[PDB]
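Consider the single chain below, provided in structure tokens and representing the form deposited without this ligand.
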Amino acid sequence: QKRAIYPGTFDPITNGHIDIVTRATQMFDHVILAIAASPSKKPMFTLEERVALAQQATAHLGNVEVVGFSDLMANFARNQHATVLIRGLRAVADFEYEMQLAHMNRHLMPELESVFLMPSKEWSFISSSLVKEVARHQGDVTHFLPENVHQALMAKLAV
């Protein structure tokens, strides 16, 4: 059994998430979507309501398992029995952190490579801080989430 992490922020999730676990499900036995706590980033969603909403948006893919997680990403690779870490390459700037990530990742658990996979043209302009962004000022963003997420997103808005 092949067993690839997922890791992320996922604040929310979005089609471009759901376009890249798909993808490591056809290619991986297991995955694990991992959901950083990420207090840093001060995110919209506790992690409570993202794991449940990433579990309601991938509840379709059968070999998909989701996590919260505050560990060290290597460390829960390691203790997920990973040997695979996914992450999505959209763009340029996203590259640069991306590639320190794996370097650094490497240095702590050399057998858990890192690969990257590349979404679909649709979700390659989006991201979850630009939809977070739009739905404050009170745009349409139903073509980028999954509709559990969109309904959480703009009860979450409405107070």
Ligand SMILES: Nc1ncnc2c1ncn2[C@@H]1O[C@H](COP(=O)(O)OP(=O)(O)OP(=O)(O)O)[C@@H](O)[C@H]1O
Given for the second form:
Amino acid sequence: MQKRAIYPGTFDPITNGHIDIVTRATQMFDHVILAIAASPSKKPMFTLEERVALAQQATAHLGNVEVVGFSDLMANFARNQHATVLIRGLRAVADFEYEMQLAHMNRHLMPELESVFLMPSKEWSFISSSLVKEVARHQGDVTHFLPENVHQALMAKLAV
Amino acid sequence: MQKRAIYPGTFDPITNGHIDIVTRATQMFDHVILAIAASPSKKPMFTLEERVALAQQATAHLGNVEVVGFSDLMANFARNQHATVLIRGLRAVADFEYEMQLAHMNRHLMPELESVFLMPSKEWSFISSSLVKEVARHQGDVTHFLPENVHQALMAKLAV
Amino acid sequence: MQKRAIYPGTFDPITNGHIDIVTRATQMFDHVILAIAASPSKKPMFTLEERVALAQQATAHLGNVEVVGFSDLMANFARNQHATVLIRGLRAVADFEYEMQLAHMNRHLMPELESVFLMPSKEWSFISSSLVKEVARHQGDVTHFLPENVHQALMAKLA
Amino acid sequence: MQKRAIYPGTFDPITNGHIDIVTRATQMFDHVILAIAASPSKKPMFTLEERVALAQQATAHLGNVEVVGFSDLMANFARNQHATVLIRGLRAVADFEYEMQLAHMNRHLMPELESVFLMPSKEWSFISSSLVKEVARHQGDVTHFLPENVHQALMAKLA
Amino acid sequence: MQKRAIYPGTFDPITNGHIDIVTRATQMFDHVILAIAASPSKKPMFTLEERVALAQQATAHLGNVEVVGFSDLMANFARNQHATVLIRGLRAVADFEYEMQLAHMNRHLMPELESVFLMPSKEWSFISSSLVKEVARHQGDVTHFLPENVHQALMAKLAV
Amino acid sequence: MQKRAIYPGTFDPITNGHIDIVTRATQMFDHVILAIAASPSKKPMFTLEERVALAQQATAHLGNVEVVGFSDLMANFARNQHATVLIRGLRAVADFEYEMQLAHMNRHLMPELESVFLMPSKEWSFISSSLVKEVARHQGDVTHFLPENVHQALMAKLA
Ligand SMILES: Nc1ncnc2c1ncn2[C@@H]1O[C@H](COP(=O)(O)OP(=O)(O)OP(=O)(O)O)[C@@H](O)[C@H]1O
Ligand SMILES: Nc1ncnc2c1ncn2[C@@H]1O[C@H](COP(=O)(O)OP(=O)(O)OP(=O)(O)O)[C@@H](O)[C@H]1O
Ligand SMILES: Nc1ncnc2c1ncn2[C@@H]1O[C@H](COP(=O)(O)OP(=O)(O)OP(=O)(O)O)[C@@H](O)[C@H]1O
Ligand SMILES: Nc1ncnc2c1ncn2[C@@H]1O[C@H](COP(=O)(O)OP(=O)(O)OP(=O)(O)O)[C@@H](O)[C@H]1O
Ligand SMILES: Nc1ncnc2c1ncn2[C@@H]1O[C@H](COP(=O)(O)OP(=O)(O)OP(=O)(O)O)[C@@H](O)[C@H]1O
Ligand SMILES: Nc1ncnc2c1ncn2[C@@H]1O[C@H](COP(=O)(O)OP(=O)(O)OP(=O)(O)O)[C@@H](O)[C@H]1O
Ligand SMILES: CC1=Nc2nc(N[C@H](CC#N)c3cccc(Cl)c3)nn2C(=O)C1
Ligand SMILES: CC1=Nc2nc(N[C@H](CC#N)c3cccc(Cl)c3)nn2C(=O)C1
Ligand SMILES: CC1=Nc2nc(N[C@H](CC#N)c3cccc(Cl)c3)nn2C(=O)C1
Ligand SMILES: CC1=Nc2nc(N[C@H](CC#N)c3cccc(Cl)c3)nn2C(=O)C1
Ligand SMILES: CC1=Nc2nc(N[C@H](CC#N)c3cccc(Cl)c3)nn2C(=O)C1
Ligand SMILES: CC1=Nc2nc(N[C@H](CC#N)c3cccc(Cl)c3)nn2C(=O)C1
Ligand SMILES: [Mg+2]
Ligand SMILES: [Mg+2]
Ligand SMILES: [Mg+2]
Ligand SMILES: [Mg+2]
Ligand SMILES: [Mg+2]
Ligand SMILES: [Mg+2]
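Shown: the form deposited without this ligand; wanted: the form solved in complex with this ligand:
And the full complex, kicking off with our chain again.
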């Protein structure tokens, strides 16, 4: 089987938790599309061009990952990319109820698309991009949670 | 016993999940008031006049339902309507903690009003008006989750 | 409109939390059947005959309650009692998850039987028959959580 | 890319919910090992030989499934089956909490074995082998939840 | 041991639930700093000066409480106050997942600071400042949940 | 200010997660009593005398810890130890729900005894004595989760 999977999200910014999930996905599937939402409901800290560049640099060492921006329904994107697996990261702090709503709705929209839940290292099980951004805005040390390029970009963003 | 019950909410828009709960309520209580919030904290997609007309058309086949708009505390509304039962729908994806907060506060405000939790069909256990609206805004098929009149109204709203 | 509800459980023994739920049910429905499961699988402390007698005495002040024992499938028992409402009490999330499985299975077995969930007073939101028995087994005071007749029966059983 | 997955459990007996999960697994991976635990600690209704025969008949229509019994540590069994994916099914929050503990322990024992969680159809989201057995023990109809061969075996065991 | 603890939050306004938690904290620790967030993400109903005055009057009977405003990371505040305990109130309706995220992040920022979770009376286990404010805005009786000074201040605020 | 805390449990056997919690407690309070329940109802693997000896050796490096066994109601034991704090560890939501019931009951029995909940390191957030015993029963490596003395005792018990 030549399996194609999508890993959708806002990635605002990509963290070590997201890196852990996409790395695990690359070990089980032939091709992984890290799919970045162009226009989320909440205005992102980083623009789409910034989010894409940061994710590309942070996943450049993974040969079977492609980073792509999208603005449509994640099921419509998977359909157009010929993907049959949608990857979701399940943290210790996940909103399990929302993950159930999302998976059942995604199955209604594209029944041939299977939702696959992967668990990150215990190291990243208790973080989110929102939490990292709030800590960094309040002058806290978040270096451990980010790839080096993201740490540099976040410092630059908060400086101005 | 001549029991009167209220079923409050925003109904923005009314879905098949809400229809399932109000239908179950009509089988156990003599009179059910489907109570639509006039001024919710978050600006609704549909105006109160639209939400009321849609709920009336979608419940017209139920002889013991009355659709009414309200702007006061739901306990104050129940009190003025001589209702002694407040219906809440409990989904598989419900925020059980919030339902507990709400029921205990409603009991403090009107101790003679009993909160009754009803469970929808498995078919509607994983949806919400918010999720349906987000899917439809992103050009997804939500026909299965709505009464026909609501499907028509939602298409018209998103077209403009 | 001649509405009959059934409130099933093990009631080993009946607590003030169960009394709170059955009282709320009697204010809503014309007739409430408090249905006590023989429940041998849970190895109960009190026999079914003891549990029925204790619940009858504890609910004697409520005119529209009838206490009965059963070993049947609960949906068949509700049908045979001409009940169209099955009452369950919700204390917390642990109750909610299992109560969803049970209610969907009861719906499959009897679609016209509606499960209705009620919430107890904050006073009894954190108690169970198991917790009360564990405290009493270790000689802790449980008079606050039980009807008088039940407390004296529990003390006698452990004596 | 010659991907092998293991789907371990007690399967006492295998239900339509388990069939839903193993079917989803076969559409994703080249070969799926449905691994039935001897599980004497849970005092199962069916012997391991019975559970293996029932699951083999219930999954015979799926060409890339292999049913096997085991008493080993599940991470050692996955290694010995050359599996790099361990499939688990998630019905609700109760599953999620325990499944996190299990997956972190399996990762400690075999880091290259990835736990993959799948969600069943809404149809089977509220069932378990325990619930089905409890309904059948009380003579309730469970034909909707089990493969035909399993339903007839369950009726025979309780007869 | 001469222990110093902080009890941080928005306290918008302080309720009987917060009073219950700070009272329990004063019984176990030598000094408790009730720490009020100056600039929360969401605009508060009461200004910082109002929140501080209300908390001071409501805790004046507790000899070992100090009320202080802060705008920095709660871990940075604890560090500067020489506090080694951070008090969190855990309601029946708490977002346990968020409490786990927060405690693990606080431990990353200041490992010598221990998070201590205290449980309020059953009486206040189902309320929040948000719920109290929503009920009061909709003309509901919230007197039972507040200290007298807060009840007076809330009536004045909603009148204008 | 001469503050005494009690940390009660079954500790069958004591794990690195329990050691993490008792260590955090010793940094907060002047004296900590690690209280081991005889707990015959849970049919423990180790006798109470074994559990006390293992915990004493595992906590010998902490100067303000005292290990003791008890069969009493835990609130009565805290009173008799002159403790005003009862320490409990929180790993996840499953702990939280039951810990709320327990803490409200302990408050009813001894209002001046304050329950204090502590969270372990992420390293031990997903372990329990039951999980460690299940892995060891299936010959899986549990050296990472236990003090050296406890690991050797567990291997000997299963041998
Ligand atoms: N620390 C993490 N560990 C594992 N999975 C994660 C982690 N952070 C995010 N994910 C998952 O990755 C996907 C994309 O996440 P997303 O871009 O929304 O980041 P996020 O941290 O969830 O964002 P936000 O905090 O703004 O809600 C989702 O499946 C999400 O659950
Ligand atoms: N799918 C559904 N099944 C059962 N009950 C439902 C369903 N949707 C809503 N309810 C219940 O009906 C009542 C009114 O709901 P409301 O108008 O807020 O819709 P909603 O889907 O909860 O809205 P939103 O998604 O905007 O929060 C509440 O008791 C709610 O829990
Ligand atoms: N304190 C309580 N408040 C509200 N509902 C309750 C309470 N105790 C029990 N119930 C509910 O009453 C029904 C019958 O409960 P049951 O006989 O199992 O008692 P229980 O307290 O849960 O006993 P056990 O601890 O033995 O399981 C169930 O729906 C249960 O959730
Ligand atoms: N209805 C179902 N839908 C999805 N996954 C399921 C379902 N039933 C079981 N599973 C999952 O399949 C795996 C094996 O389950 P197992 O053999 O324990 O069956 P079970 O139904 O949970 O039985 P029991 O009730 O005896 O514990 C687990 O990951 C479990 O969560
Ligand atoms: N009723 C209460 N009982 C116990 N702890 C509480 C209560 N209300 C708040 N707390 C706790 O006190 C601290 C400060 O709370 P905060 O100022 O955010 O009030 P809040 O009620 O949580 O606010 P909001 O409703 O705006 O989110 C937190 O640890 C919080 O969990
Ligand atoms: N890994 C851990 N991290 C934090 N707290 C823990 C951990 N293990 C146990 N605790 C807590 O320590 C106390 C005593 O626990 P107990 O002796 O029951 O151990 P346990 O690991 O839960 O054992 P069992 O699996 O046998 O129930 C409880 O408050 C429990 O929640
Ligand atoms: C069942 C659903 N399918 C969905 N697809 C999208 N797509 C948008 C595309 C853009 N920008 C999006 C926005 C934010 C994050 C992500 Cl990952 C994706 N949203 N959406 C839902 O809310 C529900
Ligand atoms: C204990 C509570 N009682 C309450 N009553 C109301 N009423 C408003 C009326 C309007 N518009 C409302 C707004 C949105 C949805 C609904 Cl269902 C009702 N809100 N409210 C609370 O937030 C809490
Ligand atoms: C869908 C279900 N229907 C069911 N009916 C019964 N009946 C027994 C009767 C006896 N003894 C019982 C046992 C314990 C408590 C109660 Cl309330 C009822 N059990 N059961 C289930 O477990 C599931
Ligand atoms: C991290 C773990 N690894 C484990 N391996 C096994 N193996 C037994 C084999 C037998 N009988 C088993 C028993 C019941 C169900 C299953 Cl799926 C597997 N148990 N176990 C754990 O409890 C934890
Ligand atoms: C790990 C974290 N540490 C944090 N410290 C702060 N401090 C601000 C200070 C101000 N204004 C604050 C805002 C609102 C309530 C409180 Cl209690 C504290 N926020 N914050 C996080 O969001 C996460
Ligand atoms: C409010 C409660 N108080 C309680 N005290 C005890 N004591 C026994 C003593 C023995 N053996 C025990 C058993 C197992 C673990 C512990 Cl930590 C303590 N149990 N108990 C409850 O179950 C509830
Ligand atoms: Mg996110
Ligand atoms: Mg809603
Ligand atoms: Mg029970
Ligand atoms: Mg199972
Ligand atoms: Mg708050
Ligand atoms: Mg334990």
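For the two forms, the rigid core is made up of the largest set of C-alpha atoms that agree within 1.5 Å on superposition. Numbering follows the first chain given and starts at 1.
Sole member of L108, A59, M118, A93 with a C-alpha shift of at least 2 Å between these two forms (core-superposed): The answer here is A93.
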